[PDB]
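Partial view: only certain chains, each at its native spot in the assembly.
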Amino acid sequence: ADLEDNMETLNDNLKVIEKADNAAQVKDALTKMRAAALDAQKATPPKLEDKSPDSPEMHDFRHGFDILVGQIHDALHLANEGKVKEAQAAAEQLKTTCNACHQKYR
Amino acid sequence: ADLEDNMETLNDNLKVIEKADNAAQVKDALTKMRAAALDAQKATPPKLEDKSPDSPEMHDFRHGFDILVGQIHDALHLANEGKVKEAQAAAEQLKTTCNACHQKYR
Amino acid sequence: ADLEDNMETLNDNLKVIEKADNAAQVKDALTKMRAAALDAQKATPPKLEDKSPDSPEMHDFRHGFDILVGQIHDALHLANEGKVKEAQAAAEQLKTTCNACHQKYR
C-alpha cells in the first residue's frame, strides 16, 4: 500500500461509515482508516518530493496524519460506546482534516 | 459575550475578510473570529437548553466549534504568510461548518 | 488569571483527580483544567516575553495547550463512560505534556 492506496482506503471507509447501520460496521471501518493513516504518515507526497526531508512542509505533512489519527481514535471510542450516530458525525468531521492537508499538499 | 453576540462577530469578520485588501486586515479578523468561536463553544444554545450537558447534542455542538477553530487556524497561517487571496478562500470555505451547525441547532 | 495561577490550577486539579471518589468529581476537575489551559494559552511566558507574538516559539507555545486540551477531552470522555479508574490514569499521563512544554519554555 502506497500513499495513493492509503487514500483510497480512507475515502472508501468514510463512505462505508456514513452508510453504516451498526456500531461494528463503523468500528471496523474506522480501524481500517487508522491503519491507512498510520501507513500514509511516513510517505513523501508528490508535491513535496523535491523539498528537503527535513523541511517545515514535510514536518507539517507528517503532523497532518497525527491529527487525523487522533480524531479517528476519538471516533473509535464513540463507536466502542455503541454511539453509532455520534461516531458517524465524528467521522464526517474528519473531512476538514482531509481537506486541510489536500489544500496544502495535494 | 453570549452566543448570539459571538455569532454576529463571526459573521461581521467574515464580511471583513471578504472585502479585505491586505494580510493584516485578514489576520486581525481571523484573530477576532477565533476568540468568538472559543467563547461560543462554552454556550448552551436555546434549542438545547433542556438537554443534558454530556448529551449527544451538546457534545456535537461543542465539537462543531473545534472544527471551526481548526479551520480558522489554517486560514490564519495563510494570512501570517501574507497569502491574502488564499486566506480569503479558506475563510470562504468556513461557511460549510457554519451551515452544518445551523442546520441542526439554530 | 495569570500564567502562574493557571499552572497552579492545573497542578491542583491533577491532585483532585487522583483523589476522586466518582465520575462527577473527575469531570469537574477536568473541566477546570481545560479552562486553565485555554487561559494560559493566551499568555506570554517569561522565557519568551521579548519574542515576537507570531514567532515560531510563541506559535509552538500556544499549540502545547491545544495538545493538553485534546488530552483533557479524551479523559473527560472516559469519565463520561463511568470509567473513573481509566480517566484517572489518563489524567496522570497528562504529565508528559506538562513536562514537554516545560523543557522548552519554563
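So that you can tell them apart, the chains are marked A, B and C in the order they are listed, and the count of residues begins at 1 in each.
The rule is simple: a contact is a pair of C-beta atoms (placed from the backbone, for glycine too) under 8 Å apart; a residue touches a chain by one contact, two chains touch by 3 or more.
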item	value
Given 3 visible subunits, total identical subunits the whole complex contains	4
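The criterion applied here is as follows: only the chains that are shown with their structure count from here on.
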item	value
Gap in Å, rounded to a whole number, between the CA centres of chain B and chain A	23
Computed distance of Cα centres, chain C from chain A, in Å	26
Touching residues (chain side chain B, partner chain C) in the complex	38, 54, 80
Touching residues on chain A, where the partner in the complex is chain C	70, 73-74, 77, 81
Residues of chain B touching chain A in the complex	56, 59-60, 63, 67, 70-71, 74, 90, 93, 97
